Amino acid sequence: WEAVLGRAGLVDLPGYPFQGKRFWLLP
Amino acid sequence: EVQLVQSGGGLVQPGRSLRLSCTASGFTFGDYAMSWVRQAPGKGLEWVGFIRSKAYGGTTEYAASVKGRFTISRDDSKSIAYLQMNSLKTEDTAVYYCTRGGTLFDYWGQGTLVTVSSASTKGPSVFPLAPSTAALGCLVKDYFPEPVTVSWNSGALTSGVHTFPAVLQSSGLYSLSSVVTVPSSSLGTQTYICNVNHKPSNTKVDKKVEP
Amino acid sequence: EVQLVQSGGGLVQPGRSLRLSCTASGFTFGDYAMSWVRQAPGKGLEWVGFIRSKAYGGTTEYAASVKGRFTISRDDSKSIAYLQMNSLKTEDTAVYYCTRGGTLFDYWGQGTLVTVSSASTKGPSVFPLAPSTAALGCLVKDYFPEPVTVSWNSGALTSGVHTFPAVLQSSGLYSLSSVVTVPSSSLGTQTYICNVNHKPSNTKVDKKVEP
Amino acid sequence: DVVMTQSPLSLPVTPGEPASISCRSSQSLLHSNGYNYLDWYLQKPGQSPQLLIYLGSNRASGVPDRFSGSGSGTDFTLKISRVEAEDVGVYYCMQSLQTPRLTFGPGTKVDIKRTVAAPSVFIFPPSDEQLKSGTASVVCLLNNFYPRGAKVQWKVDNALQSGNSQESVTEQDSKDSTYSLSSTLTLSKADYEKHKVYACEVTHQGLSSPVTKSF
Amino acid sequence: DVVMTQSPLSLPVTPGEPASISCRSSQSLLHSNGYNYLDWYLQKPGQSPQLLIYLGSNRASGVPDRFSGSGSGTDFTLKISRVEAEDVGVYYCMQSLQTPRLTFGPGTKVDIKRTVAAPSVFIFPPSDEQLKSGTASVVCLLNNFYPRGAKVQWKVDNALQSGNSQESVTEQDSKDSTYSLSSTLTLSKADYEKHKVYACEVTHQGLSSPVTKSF
Amino acid sequence: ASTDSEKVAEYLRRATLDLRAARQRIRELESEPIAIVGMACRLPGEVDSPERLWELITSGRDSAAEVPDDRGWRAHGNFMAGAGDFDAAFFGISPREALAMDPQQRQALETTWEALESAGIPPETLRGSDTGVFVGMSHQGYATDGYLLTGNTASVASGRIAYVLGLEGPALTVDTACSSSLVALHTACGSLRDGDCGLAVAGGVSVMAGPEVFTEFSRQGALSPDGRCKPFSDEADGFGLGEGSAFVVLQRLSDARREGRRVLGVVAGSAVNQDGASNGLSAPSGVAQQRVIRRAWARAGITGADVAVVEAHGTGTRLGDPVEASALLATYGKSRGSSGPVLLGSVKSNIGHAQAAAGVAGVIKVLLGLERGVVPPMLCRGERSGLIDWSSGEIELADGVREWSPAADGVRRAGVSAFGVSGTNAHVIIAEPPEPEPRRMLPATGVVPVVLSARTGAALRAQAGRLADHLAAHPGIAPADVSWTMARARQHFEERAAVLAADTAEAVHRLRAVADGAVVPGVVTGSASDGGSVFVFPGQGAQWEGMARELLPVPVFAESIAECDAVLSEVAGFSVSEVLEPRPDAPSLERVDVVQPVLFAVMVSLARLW
Amino acid sequence: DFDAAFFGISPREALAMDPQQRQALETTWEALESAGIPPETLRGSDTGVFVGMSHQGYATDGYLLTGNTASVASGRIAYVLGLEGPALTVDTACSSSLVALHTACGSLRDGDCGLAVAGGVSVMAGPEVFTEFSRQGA
Amino acid sequence: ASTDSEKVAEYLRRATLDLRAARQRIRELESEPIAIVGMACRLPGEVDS
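Chains as they are written, first to last, in the deposited numbering: chain A, 884 to 910; chain B, 3 to 134, 142 to 220; chain C, 3 to 134, 142 to 220; chain D, 17 to 231; chain E, 17 to 231; chain F, 2 to 74, 89 to 159, 169 to 462, 467 to 638; chain G, 100 to 159, 169 to 246; chain H, 2 to 50.
Derived from the structure by calculation, the hints contain no laboratory data. All C-beta atoms, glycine included, are put in the ideal place defined by N, C-alpha and C. Treat the hints with care, as some may be off.
[What the hints assert, rightly or not] These stretches of chain H come out as covered by chain C in the derived footprint (C-beta under 8 Å, 3 or more residues):
no., stretch
1, 22 to 28
2, 34 to 40
[Said to hold, decoys possible] Restraint ranges, calculated between C-beta atoms of paired labels, are given here:
no., chain 1, residue 1, chain 2, residue 2, range
3, F, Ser429, G, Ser133, 36 to 42 Å
4, C, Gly70, D, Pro28, 56 to 62 Å
5, D, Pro28, B, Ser9, 55 to 61 Å
6, A, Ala886, B, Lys45, 23 to 29 Å
7, C, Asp215, G, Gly135, 36 to 42 Å
8, B, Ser9, D, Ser44, 24 to 30 Å
9, C, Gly70, G, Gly135, 48 to 54 Å
10, E, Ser36, H, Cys42, 43 to 49 Å
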C-alpha cells in the first residue's frame, strides 16, 4: 500500500472494536 | 549527519578527461582539507592529492603519477571538492575516494569507479569445464563491460558453487569462470546448466555441462 | 587525583633568600610545563615565570621584575617544581601559586604566602572609636605579624559587627579597625567590649567603649 | 602592535538568573587551525584561580556545565545559564595569541546583586589614650552600602589631604549583600593640635550630594 | 632517512577471542608534544576505509570500544578485546611523522580462523567449441583451501610457463571459511596443438608434497 | 610537506569533535527526552478513548453516580462502563480463564492494545521484540474456575501482556498507590535510557472489585457524599472513588524521529521521592513535594517559569489540598518572571480518583491539551478554598477556555503530580513535541482506498461504523491520512473490507454501507486466505475501445507498453500505442493479427503493474 | 515476632500488620547494621527502598488497609526510618527480589538516590498458597 | 616567546584529557559497579543471620 499510494500521516482513528462478553465472578 | 556523497565516474576512453565530485554535508566543509585516494582493482590504497582549507592557503599537492595531469579543486559555497582528471590512462582505472582531512582521513566517501578502456561493448562466449566429488563449470570469456552474472540450474543449485572475480586480459576484455562441485553421480537425472547473463550486451545464455 | 601541594613560605627579611616547593601527584609531572604566578595583597595575578617540560628543552622564562633574582627549577624524579627567590624585597610580598602548564594553567596549587619584612614581633595597641542607630568600635594599631582577631562581648554580639582587613602602614606595622552599630540606647545595661587577641605576641586585651 | 583585551569591570548577578561577561580584543584571536586562542579563568574569593573555558568555547571537565564560552575573532562572551551564589569572584579572559602574559588584567568582579544602598557615615575623633602617645588616628566609617565604589576625601580646614589616609573594605555581607569601608587619617599629635576642623566627605551612587561628617 | 612501518601480513582471528596486530617503525614517532604520530585504519571487504585510532591510542567516536591502540616510540599495537565476525578486512597503521604518504602499505589481512584445508585440485582441458575459434583456455581449479596462499605453476612438457596464465581468488566462504582459486592458461590453438603434456602443479601448507594434475 | 601546525590542527579538531560526541552521549544517558508515541484511556464518564476525555472536560461534565449492581456490592462513585467486558477470543483466552481473571488484568490487556494502535504500531511487529511493560497496580479482591491464582497475582498483570503479545523486555507490576502509574512511567524511562528495552508500555489500571475498598474508606471518612472531587474549592469534602486504565507508549526520542513516529509529547524529566519522616504514615509532606518538583525541573533542564500548566494530584480533601497548593506556591508560584500565572487543575474533578491510574490519566489530559494549544479545563465548583493564599496572583485555577501559551523556549510544558498514601511522590514534566521535519505507482487517483480488518464479521462491521462516526465527527481530516493509517498503522485480520472514495462524505457513506451488510458500488469484502495467487490470462473477448488508455500514464505501465511497441513495430507494420491511444490511421482492432498482439501487450503490462 | 515498640508502632497496629511488612522492617534495620550505618544518620537522607513482594492473605483491629497494601511495605520503611528516596514495592514473582535489586542499581546510577535498600520478603499467611499448589501438583 | 607548537601542545593535551573524563563518565552511567555494603537474612532452618 505504501508503494501504491505513498506515505501519509498517522491520524487518531478508532482502535480495534473489541467484542466483549461480561465476566464478573461472584465468589 | 556527516556525509560525503560522491558522483561522476564511469567508462571513458584513454586520453579523454573526467571530473569527479564530492558533495559534503553535515559539517563545515570550508574548515577541512580534502584528499583523494584511489585503489586499482585488487591492489592497495594510493594517495592522489589534496587541497588545503582556505585558512591554510587552499593550496594543493599531488602524487608524481598524476602531477600535471590531475588537478584538485574545491568550491566552499556549494561545499564540493572536485578531481579533474586529464589525459587518462588505463593505469588510472580505480575506485576514487574523497576523504575529509589531509593527514587524518577521518571520514570517507562511498567511492567512485573510473574505468579507462578503449574496448567496445561485447557479449560473452560461454564454454563448459566438463567434469573431467566431481568438479564442473562454465568459462565466461571475452566480454565488456562488467558485470556478468552466472547461476546454476536457474538458481536451484547453490551448494558448492564458486563464481570467481573477473579478470582483465591483455585484449582489454573480461573473462570469468564459474564452478560447482557435484556428486560423481553425474548422469543420475542431474542435468547441470549454468545461466550466464550480460545485460550491457543484451545476452542470455544457458549451457549444459557433461563429458 | 591531580594534586599540586605547595610548601615553603613565611616571614623573611629583605635581602635574604627563600625557596618554594610544588610537589605534584596524580599525573605525569614530566609532561607539563610548570609556572609560578603571584598576587600581592589586594592586587592582581602577576606572572613570575615558568620552566618548559624536558621534551621542549626544560628551559625557563621570567618576568622582568624577577629576572636575575628568582630562578625556577624542576626535579622530575621527585615530581617537584621549585622557585628560588634571592635578594627578596618587600615588593615581593605575595601569595605564590604554582600552576600546571605554561600557557594553559589548568590546575593550580593552594598557594603560599611570602611576607618580606624587617619588622619585629610586636603587640597591638587598642583604642576605642567611642560611639560619637549608633556606631562604636575598636582601633587595633601597630602590631606584627598578622593575624589579630577581634570579637564583641566575648562573641555574644555578632549582629552589626564589621572587622576590616588589616592595612600595612609605612612603619611596616599592621593596623585593623573593628566596628559595631548598636541602638542609640548606649547605656541601657548594654556595656560593649571588644576582645582583641594577638597570639604571635601573647597579647589578650579587652576594652570597653563609651562616650 | 601588542594585543589587548577588554571586559565589563563589575557585574552584579542574581542567583537563578543568567549572566554574561563580554571580552573584546584589539586584533583577531582566530588561528589558522580554526580555534580562538582565548581562555577564561575564575578566582573565587580567597581561593586559587581555576580554568573554566579554553579555546573560546571548550568547557574543561569538572567545570559546572552552566558555564559556556562563545564568540569568534574579536568578540567573546562567557555565559552562566543560571547563576548560583557560589559563582562570585573575579573572572578573567586571557588571550594566548601573544605570550608571555605579564598579568591577568583587572578581570570582572562578580558580586550578588541588590538595590542601591547609601553609606551611613560616621566620623570618630582620636581617643585620648592614643593622644598620650604622639600620634592621632581619625577614622571615617562608611557603613552598609552597595555597590562598591564609595569614595572618601579628608579635609582639614576645607583643604584636601593626601598620602596620610589608608582605606580598607570588607567583603560582601552574607545577609544584606552590602559593603563597609574604613578611612584612617594618621597624623602626629603636633599636627592634629595645629588644627580644629576635621571632616570626611563621602561620595557614592546612593548619595545625591556629597555627605560630610565633621568633629 | 625516510621512515618505514612494518606489521604482520595476515591474521586469522576467532570471534569471541582477543586479537592483536603489531606495528613497528624505523624511527621514533613520538613528538615533542608527547603524542605518537600513528593512526590505524580499517577497510572492510568491499567498503570504504575508516579511521579506528588516532595519535597511537585515542579511539575515534563511533568506533566500537573493543578496539584500542597502545605503544610508544617505535612499537605499537592495535587490540580487539573480543573479535566479532564483522571485523574482517585489512588494517593499516599509518605514520604521520613524514608526509605525504604515497600509499597505505600492504596492511594486515584479517580473515576468520579455521583448520588447515588442502586444495582439491581439478584440471579442465579446453572445450571443443572454443577450439573451433582459434584460442585454447585450460583451467586449473584449486578448491576449498585455507589459509590463502596456494600457488600454481603450469608445465607443458615439464617446462615452466610464464606470462600466459591469470589467477583469480574467491573471498572467504561464509559457511566453511575456505578459499578457492582459478588458473587460466591461454594459448593460441596452434601452440596448444604443438604439445600434449599439460599439467598444473599446486603448492600449499596442507599439501606435504606438490600436487600435479595432468590431461 | 605538511607543516607540523597543519597536522596537529587536524588531530586537535578530531579530539574536540570526539569530546562533543562524548558529552552528547552523557546528556542522552542522563536526560534524553522520552517520546510519548501512543496513549489509551478507559476511564469513568463513558470515556473509552482519550478524545472522549477531552469532550467530557471541555463540556464541564463529571461522572459521579450510584454504585452499579453488576458488581456484588447512600453510596456514590465513579465507575467504568465496561469494567467487566472482555474479548477473551481476541487474545486466545478461554472463557473459563477469562471469568477467573481480575478485571484489572483484562482492562490492561485491552488498553495496551489500543495504546499500540494509537502509536500506529501493528502489534505483530513487536513479537520477539525488546519491549518492556510497566504496570502500576494494586491488589483488589475479585476472587474472595481454576486459573484463579494466575488471574489474581499482581505480577501476572504485566507478564500476561508480555506473553500474549510476545514481548521480551522487562515486565513489572509496581505498587506506590496513587503514584503507581507515574512511578511505572518513571521506571520505564530509566529502562529505555539504559537500553534494557527499545519500547515500553507504561501506565496503570484499577477496578473496584471487592467489598473492602468502598466501605473501608467510608468508615475512614475520606469519602465525599456526592462522590465528587472538588479540588482546590471551599466545598472540598473528600474524594470520590474511581477506577480506570491509562497507558502510554514510550520510546527514546531519537528512535522515534528515526522511525518517523508521530510524537504526542515528550517526558522532559521526572522525579520520584518519599515524604520520609512526616506527621504520620498517610500524611502528605509539603516540603517533600517541593523537593520532588524541583528534582523534576533539574532533570528536564527547566525552571518553574517554563511550565504554564500544572495537573495536580487534587483529591478534594479539605487538608490535603492546601498542602499541595502550598508546595506549588513555593515552587511554580515564585519567579514566574512575567510568564503569567500558572494554571492549575486536576482531572479528578471530572472522573474521580482513579487510584493507580490517576497519574497517567493526568498525562493523557495534558497531552490532549498540548495537541490543541489549549489549557486542559477542570470543573472548578464553587469558590477557591479559603485555606489557600492566592494573593500573589501567580496561581490560577484552569477555569475555562484558555490558550496554552509556551515558555521562553517557545515550548509548551506541563507538570503532572501524583502523591501516594504510602508517601512515595512523583512529578513529571511533559513538553510539547519537537518539530518533526523530514514515490508512488498508480500516481494520480482522485479516489482513495480505506481498508478494514477484524477477527469476525460483526467486529468488521463495527469497525466500519465507528470509523464512519469518527469521520463524520471530524471533517477536514485528510483522506490520504485515513487511508495510510488504516493500511499501514493497523494490523490486518482475517475478515476484511475496503471502501473507495473521493471525499470524506463518500467515505462515511460507504463505510456505513459496510456497517450494514450492503452490497453497493464502491465496496468490496472478503476473507484473507493464504495459498497464493494464480494469474489467469484468458483467450478471445477482452478487447474494448482503447482499453486501458487511462493507464498509459502510470510509468511502470507505459514502460512495459514501450518494449512491446519496439518489438511489435519490427515484426508487424504497427505498434500497440497507435491502436490503444487515439488511432490516427492505425490498424483496426477488428483484425485478428492486431487484437491478439495488442491484448498480449495489455495483459503483460497489467501483470507488471500488479 | 515483631518489636513494635522499637519502631514506634502500637500493638493494635502491629497485630493488623502483614508479617511481610514487619519482617521487612526488621531485616532492613539489620542490613543497615551489617553495612555499619547507624540508621539515624540516614534520616532526611536520599535513600531509596525497593521491595520485591507479593500480596498474601493475612487479614481475610483498624490500620488493616495500611497494614496489607503492598505499597506500604516499602513506604513504611521510608516513614519509620525517615528516608526520602524512592520507595517501591514490585511484583515479578520468584524474580521479584532480583528485579528490585536491578531497579535499585539503575536508580543509584541515575542519581535518584545515594543509597538503596533492596530485597524481598514473603511469609505464608493465608489458606490459599499451600493448598493452591497442592491441587496444582507442583 | 612560546612557539605555536608549544601552545597547541597544551590545548591538545587538555582536549584528550577532557575526552578521557567524558568517556569515564559514560562508563559510570552505564555500568558502574554497585557495591553491596550490607546484607541481612531471616530464612528457614533457624537462619536469623
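**Item:** Residues of the stretch 22 to 28 of chain H with Cβ under 8 Å from chain C, three needed, outcome
**Value:** violated (count 0)
**Request:** Could you see if the CB distance from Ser9 of chain B to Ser44 of chain D stays within 24 to 30 Å?
**Result:** 37 Å, violated
**Prompt:** In this structure, is the beta-carbon distance linking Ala886 of chain A and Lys45 of chain B contained in 23 to 29 Å?
**Reply:** 42 Å, violated
**Message:** If I claimed the Cβ atoms of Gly70 of chain C and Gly135 of chain G lie 48 to 54 Å apart, would that claim hold in this structure?
**Reply:** Hint violated: Cβ distance 60 Å, outside 48 to 54 Å.
**Request:** Given the range 36 to 42 Å, decide if the beta-carbon distance of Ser429 of chain F to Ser133 of chain G lies inside it.
**Result:** 54 Å, violated
**Request:** Look at the Cβ atoms of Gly70 of chain C and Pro28 of chain D and judge whether their distance stays inside 56 to 62 Å.
**Result:** 44 Å, violated
**Beta-carbon spacing of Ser36 of chain E to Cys42 of chain H - inside the hinted bounds 43 to 49 Å or not** = 46 Å, holds
**Message:** Looking only at beta-carbon atoms, does the pair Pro28 of chain D, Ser9 of chain B fall within the given range of 55 to 61 Å?
**Reply:** 58 Å, holds
**Request:** Hint says 36 to 42 Å; check whether the CB-CB distance for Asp215 of chain C and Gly135 of chain G agrees.
**Result:** 48 Å, violated
**Request:** Between the stretch 34 to 40 of chain H and chain C, see if three or more residues pass the 8 Å beta-carbon test, and mark the coverage as holds or violated.
**Result:** violated (count 0)
In the structure shown, a violation is registered for the earlier hints numbered 1, 2, 3, 4, 6, 7, 8, 9, in ascending order.
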